[PDB]
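Before any questions on how it binds or moves, here is one chain, the form deposited in one PDB entry, in structure tokens.
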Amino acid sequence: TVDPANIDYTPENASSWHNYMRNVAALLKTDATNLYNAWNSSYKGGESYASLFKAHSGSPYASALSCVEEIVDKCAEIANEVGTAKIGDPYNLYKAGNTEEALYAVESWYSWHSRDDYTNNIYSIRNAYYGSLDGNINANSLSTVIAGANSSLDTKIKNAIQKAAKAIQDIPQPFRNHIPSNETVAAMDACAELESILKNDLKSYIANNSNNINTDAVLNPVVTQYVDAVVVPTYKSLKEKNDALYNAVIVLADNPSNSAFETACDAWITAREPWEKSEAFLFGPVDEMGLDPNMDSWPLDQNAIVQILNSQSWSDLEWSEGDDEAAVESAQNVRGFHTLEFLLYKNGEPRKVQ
């Protein structure tokens, strides 16, 4: 039996709802701050991860080529995950007749945000390839290097990125109500083509010494630009927007209303954007010590969330004075962005008070 874990906000569960929302938002705030600081300030008490990656002076990154292979591998990985898991798992469940399991498997369905989520994941690949955030092809980017060496290959990669993004957007809104559509099919097909053009055509071409684009002289500026213009700024934005999200959740808890829910939902979407646009670089700090699953697990233990919301302990909890830390280091499957999403949204719209 599929368990949707239906619950609505009521006067009787409101205190637990406030406290648990706060807890999950506090954890998200802490995690995003630590992720940004690991890159920007200090990784494990030493130089920042940005400095480590740009220097690439020892294992596991002893060359700019090694860095770039990791960059391209992690672009390929998110293309694979979007096509075959985020879109593909619900699709294959649905086609097998497990249609209700399919509907409840869709990542970001609570907010009807799956299309935009997965599209942002593809824009993460764009950003990595272009060395920018704002859709500009930077002078110091993989795209510029490949364009100079093999313009055909560059054009095919750029086209493949665009075709995956547009194929996901073409899925009728919301994806959860159109899982078997031809467009789900076209979006899967486009993601598969993109996944292939990155991990096969691109990595091989760079790795081939005879193409003369894998030296540190060629690739160092690409690595430096990627870290300084793409990765660190994205994590800075994530930290700032998870901070904003925390404040929005506190105001909702302190003065609950339909408008306050809407405001917290706005903050959730806002914070999700840099997160989703970071998913082509799920390596280093975010891929250590369970950070990614602490921030973004899917699926959730939805029945456990309902039990929390109905619990007297979370209803009765009091917080330490002026303390923004979480009360409880919650399990992966009852924390993160999607747990807050569950707490803020129902069936594609902000939740309402009774």
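Residue numbers count along the first chain shown, from 1. By rigid core we mean the largest C-alpha set that fits within 1.5 Å across both forms. Compared with the form deposited in another entry:
- Just one residue from the list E69, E325, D287, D301 crosses the 2 Å line for C-alpha shift between these two forms on a rigid core fit, and it is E325.
- The two forms, fitted on the rigid core, differ between these two forms by 2 Å or more at the CA of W314.
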Contents of the next structure:
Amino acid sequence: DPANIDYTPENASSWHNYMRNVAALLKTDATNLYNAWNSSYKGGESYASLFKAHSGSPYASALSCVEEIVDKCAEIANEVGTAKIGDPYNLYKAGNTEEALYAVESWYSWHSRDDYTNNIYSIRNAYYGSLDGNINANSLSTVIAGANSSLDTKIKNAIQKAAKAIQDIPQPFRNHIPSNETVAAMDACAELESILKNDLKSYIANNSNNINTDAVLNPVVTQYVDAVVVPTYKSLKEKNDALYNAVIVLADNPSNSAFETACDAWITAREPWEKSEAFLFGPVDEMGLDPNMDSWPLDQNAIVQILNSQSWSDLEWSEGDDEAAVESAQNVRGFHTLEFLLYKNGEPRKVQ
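Here we have the form deposited in one PDB entry; I need the corresponding form deposited in another entry.
Below: the lone chain, stripped of partners and molecules.
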């Protein structure tokens, strides 16, 4: 029932206000995340400076930075295969097909394949030290290549295999959950997680390989922060600002065209977010910005209740609120709540 709700003339006013409020919070969260890295964190030094310096806490060496980088790449490869794809797959295989269909992150917009593929490109970006698919001179890839060309080539191939396997699932993944292609994508993601957390991490950690000193890894950490992390968060800030502006256009003059234009802005803003999921550490994690912007699944019953009662304060939480209160607010806001409000069955919603 909450899944079947339509945007109608009867609820349009409330629907516009829900969209405005969710888009304003996404704008705030992306700005605060970018500022935490680029300007100041916890009222002090910027997180970009703290990470690049690695002078004690939580990173005392360039190796500690790089182990976090690699751990966080392995974590997203694990999340994508075992949970984003795996949770719907295992529900479906057990015979719980209706629960499986609604378990797919980004199904409202039929965007799961592209979303999860961008998560793998986050790994590529972290490993390449770039955003354009070109291997940077100061990348982890180049460091591994100089010591072990075979391991570097196997890692680059494993990243590409996972991205290609997800793209090979027939569009949309929501309608092809039990496919052979789904299983091949899970396999490719598991192989990628393994080569990162086992082979790569162990190889860098071994002092005998001479690639874990600050002289070797400082330029890798600096380039990862300056060319990957900070520009991705800058792009997310800019694109969440544009997404809010597109929601305002739609709310002020609702039309099929304005819904289509706001949906395009949602995909545009999602890209730097999805391409940041290999670095879910530091500010995005500690500030709770990851679940603020990207909780999934949502509390769909609570969304419909908030829409009909215009209880906008239910979307927000404060420092010191208990865990349940924070999660309840996060489960009714963010990119996926805005996605619900903009899309129906993979297409922009229409004005009746």
